[PDB]
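**Q** Each chain is listed here by its residues.
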Amino acid sequence: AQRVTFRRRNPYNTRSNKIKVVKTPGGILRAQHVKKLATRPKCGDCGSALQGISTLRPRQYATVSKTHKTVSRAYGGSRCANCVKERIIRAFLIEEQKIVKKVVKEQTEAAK
Amino acid sequence: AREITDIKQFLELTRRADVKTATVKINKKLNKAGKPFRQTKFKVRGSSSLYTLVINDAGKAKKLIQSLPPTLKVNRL
Amino acid sequence: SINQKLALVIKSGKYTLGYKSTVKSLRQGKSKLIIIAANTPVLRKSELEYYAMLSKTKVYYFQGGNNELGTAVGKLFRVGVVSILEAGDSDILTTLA
Amino acid sequence: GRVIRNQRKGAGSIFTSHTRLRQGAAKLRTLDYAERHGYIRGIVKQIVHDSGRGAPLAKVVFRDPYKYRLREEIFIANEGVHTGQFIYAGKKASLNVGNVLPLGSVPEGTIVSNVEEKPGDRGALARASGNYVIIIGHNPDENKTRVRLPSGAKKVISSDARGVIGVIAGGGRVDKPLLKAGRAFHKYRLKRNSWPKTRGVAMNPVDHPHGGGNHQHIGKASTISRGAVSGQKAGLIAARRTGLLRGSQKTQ
Amino acid sequence: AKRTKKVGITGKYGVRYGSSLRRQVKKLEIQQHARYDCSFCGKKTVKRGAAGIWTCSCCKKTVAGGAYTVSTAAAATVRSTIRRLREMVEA
Amino acid sequence: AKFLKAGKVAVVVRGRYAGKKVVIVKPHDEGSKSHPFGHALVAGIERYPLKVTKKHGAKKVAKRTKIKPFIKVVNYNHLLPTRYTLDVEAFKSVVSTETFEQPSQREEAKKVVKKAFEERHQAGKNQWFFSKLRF
RNA sequence: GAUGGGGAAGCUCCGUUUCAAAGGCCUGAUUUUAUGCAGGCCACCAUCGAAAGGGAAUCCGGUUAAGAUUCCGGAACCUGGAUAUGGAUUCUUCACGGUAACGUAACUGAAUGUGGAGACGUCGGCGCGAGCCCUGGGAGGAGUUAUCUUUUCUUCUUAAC
RNA sequence: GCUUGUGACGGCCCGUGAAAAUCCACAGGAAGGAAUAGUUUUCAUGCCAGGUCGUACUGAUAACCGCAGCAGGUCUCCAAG
RNA sequence: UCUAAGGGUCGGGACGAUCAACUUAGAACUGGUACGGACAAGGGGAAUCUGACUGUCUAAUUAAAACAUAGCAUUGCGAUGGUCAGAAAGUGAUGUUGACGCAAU
Ligand SMILES: CN[C@@H]1[C@@H](O)[C@@H](O[C@@H]2[C@@H](O)[C@H](O[C@H]3O[C@H](CN)CC[C@H]3N)[C@@H](N)C[C@H]2N)OC[C@]1(C)O
Ligand SMILES: CN[C@@H]1[C@@H](O)[C@@H](O[C@@H]2[C@@H](O)[C@H](O[C@H]3O[C@H](CN)CC[C@H]3N)[C@@H](N)C[C@H]2N)OC[C@]1(C)O
Ligand SMILES: [Mg+2]
Ligand SMILES: [Mg+2]
Ligand SMILES: [Mg+2]
Ligand SMILES: [Mg+2]
Ligand SMILES: [Mg+2]
Ligand SMILES: [Mg+2]
Ligand SMILES: [Mg+2]
Ligand SMILES: [Mg+2]
Ligand SMILES: [Mg+2]
Ligand SMILES: [Mg+2]
Ligand SMILES: [Mg+2]
Ligand SMILES: [Mg+2]
Ligand SMILES: [Mg+2]
Ligand SMILES: [Mg+2]
Ligand SMILES: [Mg+2]
Ligand SMILES: [Mg+2]
Ligand SMILES: [Mg+2]
Ligand SMILES: [Mg+2]
Ligand SMILES: [Mg+2]
Ligand SMILES: [Mg+2]
Ligand SMILES: [Mg+2]
Ligand SMILES: [Mg+2]
Ligand SMILES: [Mg+2]
Ligand SMILES: [Mg+2]
Ligand SMILES: [Mg+2]
Ligand SMILES: [Mg+2]
Ligand SMILES: [Mg+2]
Ligand SMILES: [Mg+2]
Ligand SMILES: [Mg+2]
Ligand SMILES: [Mg+2]
Ligand SMILES: [Mg+2]
Ligand SMILES: [Mg+2]
Ligand SMILES: [Mg+2]
Ligand SMILES: [Mg+2]
Ligand SMILES: [Mg+2]
Ligand SMILES: [Mg+2]
Ligand SMILES: [Mg+2]
Ligand SMILES: [Mg+2]
Ligand SMILES: [Mg+2]
Ligand SMILES: [Mg+2]
Ligand SMILES: [Mg+2]
Ligand SMILES: [Mg+2]
Ligand SMILES: [Mg+2]
Ligand SMILES: [Mg+2]
Ligand SMILES: [Mg+2]
Ligand SMILES: [Mg+2]
Ligand SMILES: [Mg+2]
Ligand SMILES: [Mg+2]
Ligand SMILES: [Mg+2]
Ligand SMILES: [Zn+2]
Ligand SMILES: [Zn+2]
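Protein chains in written order, with PDB author numbering: chain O4, 2 to 113; chain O8, 2 to 78; chain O0, 9 to 105; chain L2, 2 to 253; chain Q3, 2 to 92; chain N7, 2 to 136.
In case anyone wonders, no lab produced these hints; they're calculated from the structure. Misleading hints may appear alongside valid ones.
Just a sample of chain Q3 residues kept apart from chain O0, beta carbon distances all over 12 Å, derived [said to hold, decoys possible]:
1) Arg4
2) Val16
3) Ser20
4) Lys28
5) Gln33
6) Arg36
7) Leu86
8) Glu91
Listed below are the simulated DSS-like cross-link pairs for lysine-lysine, each with C-alpha atoms no more than 27 Å apart in a straight line [said to hold, decoys possible]:
9) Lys102 (chain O4) to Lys126 (chain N7)
10) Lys44 (chain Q3) to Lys53 (chain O0)
11) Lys29 (chain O8) to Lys24 (chain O4)
12) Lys99 (chain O4) to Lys3 (chain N7)
13) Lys61 (chain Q3) to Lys86 (chain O4)
14) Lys68 (chain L2) to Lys52 (chain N7)
15) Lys22 (chain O0) to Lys6 (chain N7)
16) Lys177 (chain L2) to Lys7 (chain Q3)
17) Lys61 (chain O8) to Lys36 (chain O8)
18) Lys133 (chain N7) to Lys102 (chain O4)
19) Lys28 (chain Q3) to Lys181 (chain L2)
20) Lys13 (chain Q3) to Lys181 (chain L2)
21) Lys22 (chain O0) to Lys102 (chain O4)
22) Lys28 (chain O0) to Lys44 (chain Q3)
Virtual Cβ for every residue (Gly too), placed ideally from N, Cα, C.
Sequences and hints are given; from them, build the entire structure.
**A** Written as structure tokens, this is what we have:
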């Protein structure tokens with residue numbers, strides 16, 4: 002039955018005025034301003050939300066230790082690792098198949 | 002803003018550096034199922050955080066109050 | 009037809025279906041020949057290719073999709089790669105293959 | 002007396018294109034050594050919707066020849082171009098849907114899109130959804146190419162001018178009935194302020210030429226000469242004919 | 002039970018707009034919503050959004066299509082006249 | 002054939018060593034009570050040696066040749082067999098079930114594998130194994 | 001909307017990266033000495049424009065005739081800067097571990113390139129959270145009580161971090 | 001249950017629904033770095049600083065606009081049985 | 001004043017024990033025949049004229065049959081262009097555009 006008011010001079014229901022309602026040690030209801038829920042980062046290859054990485058808003062990532070912001074494998078805080086596994090097979094196979102094609106020139110060179 | 006388990010670490014904290022003041026709280030608390038018991042809380046005011054140690058039984062408590070050095074100004078309750 | 013050979017391999021012979029198992033075959037070498045559905049991606053092609061050259065297993069490219077090469081084994085789903093384990097009654101590998 | 006609506010438009014207070022949401026200005030690669038001599042490869046990264054455009058867009062990233070960096074371009078996606086396809090640019094690229102070749106480097110009968118009017122202008126003709134041009138013959142001496150445009154007119158251009166194989170995606174939009182005003186409303190929300198239109202005869206003669214009268218009527222021939230004057234020109238303007246078109250179209 | 006004799010997806014427009022236009026739309030709304038087979042992963046998980054743009058539910062392949070259907074007549078009959086045209090310069 | 006055998010080089014496809022080339026040593030074709038699955042035992046290269054050039058000085062080359070190894074149990078499924086091969090030799094005894102489970106053996110094992118790889122690298126025997134795979 | 005510019009008798013009009021020689025930083029090199037020369041970068045070219053858009057960080061209790069997320073008591077947080085001790089790293093120099101997904105109290109990184117977050121419609125049902133609503137036991141307080149009603153009402157709370 | 005937040009989904013489009021500051025990370029390998037000891041601030045603990053302007057109250061059948069303590073007009077949050 | 005149906009959670013060397021709700025239907029009895037008891041809450045039908053429709057306008061005498069719309073048709077234009085702006089410009093709108101486009105009826 003208690004009714005509550007905003008705590009900041011913005012009266013309007015915008016993104017930045019989100020309000021949690023709370024009961025304090027006083028025993029009364031009081032508004033409290035919530036920030037905007039920060040979004041999980043995305044693998045820059047596939048786009049899926051990449052695990053092992055803490056999800057905060059971007060200037061919070063400067064206040065946190067690095068074992069949050071990467072994971073132990075190459076391209077740790079970047080790609081989703083089935084996509085890095087992709088970069089593994091594809092790299093190797095393409096750099097291999099290159100030699101085959103450099104060989105097969107050296108055949109058709111003097112064998113044409 | 003932190004709670005402490007280790008009794009030893011607590012001691013190295015009570016003598017630590019910039020810690021000029023501590024405090025000790027005593028609460029009536031009912032043990033386990035039935036009875037009451039004397040709970041005692043050790044609060045050490047650090048330059049950043051207030052570390053606090055809860056000694057459940059008064060035995061470890063009684064001997065720890067002695068473990069507190071002088072020049073640490075300890076408000077009793 | 010190249011499809012009808014599989015009809016015999018399937019009833020009278022031994023086979024496995026799908027990439028994860030057709031690598032296990034080529035690794036253990038248990039596969040004589042694997043067949044690839046035309047639409048499957050080239051990274052998987054090169055892999056299944058390169059896994060085969062290391063196992064000295066021939067590979068024929070099925071002209072068609074996975075929903076077809078799956079019907080061609082008489083199974084109601086799609087399959088990209090069939091690994092031929094034990095040739096059946098059919099002539100199979102001794103062929104154009 | 003007054004200033005008629007089409008007159009007011011060249012000032013562009015309210016009449017400017019509604020531009021905020023648009024992916025960018027869709028253009029070809031700049032013509033450089035690679036394209037005019039060899040080929041160069043890029044992957045279309047994603048294909049995407051432009052606002053106020055009927056055609057989808059392909060974002061195509063290439064590598065920068067003279068500096069290490071990736072240079073992304075905005076192409077009008079021809080139909081069948083897909084994310085992850087490699088696109089090839091310039092003369093020695095092969096002839097496949099989506100690549101970009103000089104007009105000289107294709108045979109006659111090729112159907113090609115976003116072609117330049119002059120070589121290097123980064124593309125002009127047939128950028129609308131579903132449109133395209135056809136090459137009819139070349140003239141290897143003073144290398145020229147004749148092409149049939151979407152309007153049907155045929156044009157001589159330079160064979161160094163490029164254009165991209167295939168047809169633009171998103172063909173068929175103009176068949177589906179708009180079916181109500183809202184669909185027409187939002188259609189022009191993201192275009193420019195053209196809608197709706199008030200009929201010049203519904204107005205008063207200060208407002209329009211067609212304005213005025215105790216009956217709604219035009220009162221003089223609605224066809225207006227080329228040599229007419231600003232605020233005289235509203236109607237069928239320099240019309241060579243008029244009336245319902247009977248018989249076939251498709252000129253020579 | 003079957004619900005509408007004729008209108009189908011067009012029953013949304015009720016009585017409005019006249020029957021021709023309603024049907025004339027019905028064809029294209031049914032074309033544009035359909036699930037289509039995917040040239041890549043071989044599944045019927047292709048579907049539209051943003052006319053001219055068709056993606057696969059899985060496999061995430063995305064192809065520039067027709068407005069209300071994936072492959073438009075003029076497209077493929079252009080594409081095959083391209084195939085035939087390069088063979089000339091293959092041979 | 003069965004390309005899983007001693008000398009074979011592979012590329013690790015996962016697990017923090019991903020992208021680095023390992024040589025197999027002790028393939029266990031089928032399982033174990035711990036690791037019930039087909040797994041090799043590989044001596045890999047973690048930190049590759051760097052590029053060297055005619056103008057690279059005395060200790061510069063003495064620095065740039067150092068090589069950080071690693072010794073890993075690998076699921077076969079997490080290996081990508083390369084056609085290339087490097088003959089095990091000195092580390093046949095080094096890399097074993099016993100070496101793992103206690104660090105003291107791994108550390109010395111890595112020490113051997115260290116001297117092993119550098120020695121084969123200088124005098125560029127098996128050039129591919131020390132050329133970093135880049136992706 | 002300044003500027004090199006181009007119009008205009010002129011008040012001024014146009015143009016905002018435009019026919020423009022459009023600069024600013026990281027390090028050394030000084031050991032005349034304070035900062036010239038050595039590089040290699042980067043060429044991205046005013047500025048104004050949101051007290052509802054974007055955005056670094058605080059809460060509870062108490063207090064005034066009137067002020068409070070501003071004072072007071074207590075417990076925090078961000079940013080800029082200074083810095084010392086512990087811990088960690090290494091004779092295999094730049095941490096180990098798990099098959100893997102990943103773990104972690106740390107666990108060097110310049111030019112340059114890339115990736116993510118800033119960062120985004122609407123409607124529908126379905127899941128969950130807080131706060132509000134109803135309510136049983138008991139512990140207090142107040143009301144009704146000719147009759148009735150283990151009854152009516154009320155307190156039973158928990159902030160950021 | 002009601003307010004509100006959030007999640008995974010589905011419908012809709014010839015509509016497919018901002019920008020920038022900013023912050024983190026990946027790639028790379030310049031360079032610098034140990035043994036009588038060298039390395040580190042993305043771990044812990046500690047030391048200093050945080051200016052300038054606004055902050056009262058009305059916000060409406062009397063504190064605003066309509067000549068007024070005018071039945072008009074003026075954006076929004078909370079919402080018990 | 002009753003009856004019936006519609007659930008949760010347990011353990012198994014055929015069911016039992018247990019927690020929790022306000023829906024629905026049915027049956028009795030009962031009354032000054034009353035009962036959506038206040039409040040709340042469509043009048044219905046047949047036709048002619050006219051605009052298809054939702055939408056719009058004369059603030060302060062007109063809300064309509066007038067405007068708009070989807071739809072139908074017609075006209076101009078391939079950029080050295082159409083339409084349109086400025087006293088002029090080395091200036092501008094359409095135009096982040098290109099005939100499935102823009103402009104004019
Ligand atoms: C006692 N509280 C802390 C004290 O522990 C210490 O904390 C620093 C902290 O400020 C640094 O953090 C700071 O610097 C980072 C970049 N170097 C970015 C984030 C920023 N908060 C930490 N990286 C290291 C701590 N020892 O220095 C700052 C402080 C506030 O005095
Ligand atoms: C724009 N709405 C107008 C509204 O302004 C008003 O118009 C009157 C107009 O009729 C009166 O004018 C009338 O009477 C005048 C005196 N006999 C002469 C002109 C005649 N039109 C003028 N006094 C102006 C408006 N207040 O009433 C008529 C209207 C059309 O509704
Ligand atoms: Mg306030
Ligand atoms: Mg309050
Ligand atoms: Mg992590
Ligand atoms: Mg901190
Ligand atoms: Mg974590
Ligand atoms: Mg006039
Ligand atoms: Mg460009
Ligand atoms: Mg039509
Ligand atoms: Mg308008
Ligand atoms: Mg009209
Ligand atoms: Mg008209
Ligand atoms: Mg009139
Ligand atoms: Mg006139
Ligand atoms: Mg008239
Ligand atoms: Mg008329
Ligand atoms: Mg008329
Ligand atoms: Mg006239
Ligand atoms: Mg039906
Ligand atoms: Mg030299
Ligand atoms: Mg100016
Ligand atoms: Mg500003
Ligand atoms: Mg703001
Ligand atoms: Mg702030
Ligand atoms: Mg007050
Ligand atoms: Mg450690
Ligand atoms: Mg950078
Ligand atoms: Mg609301
Ligand atoms: Mg969307
Ligand atoms: Mg790195
Ligand atoms: Mg600690
Ligand atoms: Mg106030
Ligand atoms: Mg107030
Ligand atoms: Mg009033
Ligand atoms: Mg007043
Ligand atoms: Mg006044
Ligand atoms: Mg009755
Ligand atoms: Mg009645
Ligand atoms: Mg009546
Ligand atoms: Mg009636
Ligand atoms: Mg009407
Ligand atoms: Mg309505
Ligand atoms: Mg209006
Ligand atoms: Mg009126
Ligand atoms: Mg009306
Ligand atoms: Mg009609
Ligand atoms: Mg002219
Ligand atoms: Mg012109
Ligand atoms: Mg002209
Ligand atoms: Mg057409
Ligand atoms: Zn990924
Ligand atoms: Zn697919």
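**Q** All hints are to be evaluated individually against the structure, with a verdict given for each.
**A** Evaluation of the provided hints:
1. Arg4: For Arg4 (chain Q3), whose nearest Cβ neighbour in chain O0 is about 32 Å away, the distance exceeds 12 Å, so it holds.
2. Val16: 43 Å, holds
3. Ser20: At about 39 Å from chain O0, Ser20 (chain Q3) clears the 12 Å cut-off, so the statement holds.
4. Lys28: 27 Å, holds
5. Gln33: 24 Å, holds
6. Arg36: 15 Å, holds
7. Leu86: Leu86 (chain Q3) clear of chain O0: closest Cβ-Cβ about 23 Å, beyond 12 Å.
8. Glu91: 19 Å, holds
9. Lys102 (chain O4) to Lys126 (chain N7): 24 Å, holds
10. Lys44 (chain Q3) to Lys53 (chain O0): 19 Å, holds
11. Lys29 (chain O8) to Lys24 (chain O4): 26 Å, holds
12. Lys99 (chain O4) to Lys3 (chain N7): Satisfied, since the Cα-Cα distance of roughly 25 Å is no more than 27 Å.
13. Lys61 (chain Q3) to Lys86 (chain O4): 18 Å, holds
14. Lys68 (chain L2) to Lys52 (chain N7): Between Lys68 (chain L2) and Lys52 (chain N7) the Cα gap is close to 22 Å, so the pair holds against 27 Å.
15. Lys22 (chain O0) to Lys6 (chain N7): 26 Å, holds
16. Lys177 (chain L2) to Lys7 (chain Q3): 19 Å, holds
17. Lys61 (chain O8) to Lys36 (chain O8): 19 Å, holds
18. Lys133 (chain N7) to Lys102 (chain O4): 21 Å, holds
19. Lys28 (chain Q3) to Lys181 (chain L2): The given pair, whose Cα atoms are some 17 Å apart, holds under the 27 Å limit.
20. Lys13 (chain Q3) to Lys181 (chain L2): Holds - the C-alpha atoms of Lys181 (chain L2) and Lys13 (chain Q3) are around 13 Å apart, at most 27 Å.
21. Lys22 (chain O0) to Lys102 (chain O4): 36 Å, violated
22. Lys28 (chain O0) to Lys44 (chain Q3): 20 Å, holds
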